[PDB]
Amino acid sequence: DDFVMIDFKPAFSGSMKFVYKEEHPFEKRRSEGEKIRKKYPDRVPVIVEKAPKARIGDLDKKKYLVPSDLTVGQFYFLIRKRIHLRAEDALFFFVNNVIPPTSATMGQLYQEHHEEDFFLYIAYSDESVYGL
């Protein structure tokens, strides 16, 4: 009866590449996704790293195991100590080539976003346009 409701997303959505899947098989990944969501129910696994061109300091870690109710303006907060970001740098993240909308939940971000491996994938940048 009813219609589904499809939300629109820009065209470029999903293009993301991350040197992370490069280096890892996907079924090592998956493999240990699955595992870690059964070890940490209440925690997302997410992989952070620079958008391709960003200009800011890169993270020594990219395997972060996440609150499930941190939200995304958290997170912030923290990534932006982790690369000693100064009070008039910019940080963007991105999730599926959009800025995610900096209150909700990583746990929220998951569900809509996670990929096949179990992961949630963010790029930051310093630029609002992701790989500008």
Given for the second form:
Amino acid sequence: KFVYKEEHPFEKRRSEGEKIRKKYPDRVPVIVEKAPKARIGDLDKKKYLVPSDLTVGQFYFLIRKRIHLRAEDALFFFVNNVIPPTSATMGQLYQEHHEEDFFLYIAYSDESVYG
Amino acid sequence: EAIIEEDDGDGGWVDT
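Output the form deposited with the partner chain bound next; the form solved without the partner chain has already been displayed.
First the chain shown before, then all remaining chains and molecules of the complex.
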């Protein structure tokens, strides 16, 4: 699924995730990747340290800005093949869906179905 | 553009 989980071992990732969770307790570490069937531009950076109070909608906006996305262009986030509620906080999403390496993984696509 | 813990060989963490 995510290339970050393949390009980096589980043990390395888990150690870094704990380190970040203990040093930046008010923040959530998020790995962000483009879904395969997605026909939008890619994000140079994939790792984001985001305030646990940041919302899905705020994150939509920042990512739109960061890949030079027009408003006519669509963008969807997927957390485990499911579009997160835009009212949700990144912290709540982490509490519920952080993997065992202590990162939150999010895909993005131009389509409403992951692929 | 602020990047956190860039020393780690991961490009760092985009600070928001």
